[PDB]
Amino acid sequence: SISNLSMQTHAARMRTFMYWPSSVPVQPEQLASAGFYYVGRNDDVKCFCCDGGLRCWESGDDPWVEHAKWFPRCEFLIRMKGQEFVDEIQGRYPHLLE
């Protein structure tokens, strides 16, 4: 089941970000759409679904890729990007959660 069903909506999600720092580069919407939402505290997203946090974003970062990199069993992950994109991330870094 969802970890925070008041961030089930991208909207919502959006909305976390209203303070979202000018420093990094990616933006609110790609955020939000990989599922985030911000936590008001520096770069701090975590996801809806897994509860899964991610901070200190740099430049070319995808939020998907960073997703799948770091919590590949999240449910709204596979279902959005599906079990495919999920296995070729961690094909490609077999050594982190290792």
The other form holds:
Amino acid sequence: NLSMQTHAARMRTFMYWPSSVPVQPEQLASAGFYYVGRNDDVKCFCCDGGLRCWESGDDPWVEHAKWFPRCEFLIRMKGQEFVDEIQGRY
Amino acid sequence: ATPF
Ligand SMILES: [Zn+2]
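Switching forms now, from the form solved without its partner chain to the form deposited with its partner chain bound, please provide the structure.
Let's see the whole complex now, leading with the same chain.
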């Protein structure tokens, strides 16, 4: 979504993020994700990948590379080498 | 996390 292209815009969507979820808005927004307003469902502004069921210790960048490795925002921020590693390529 |  076009209005979620900035980190600050994505941070504003976490207004009603449930406080019990063990991952923080700053981590999520940095990795491209904004809150869609249901449970702990987030989506990437670039690739539209959705992630939910966040667990203690999850790193949103690693999860983004695990499930949505072709995302261009992810590749530009973290690099193809990182994404390849998370996909089991060295 | 899990994808959708
Ligand atoms: Zn993405």
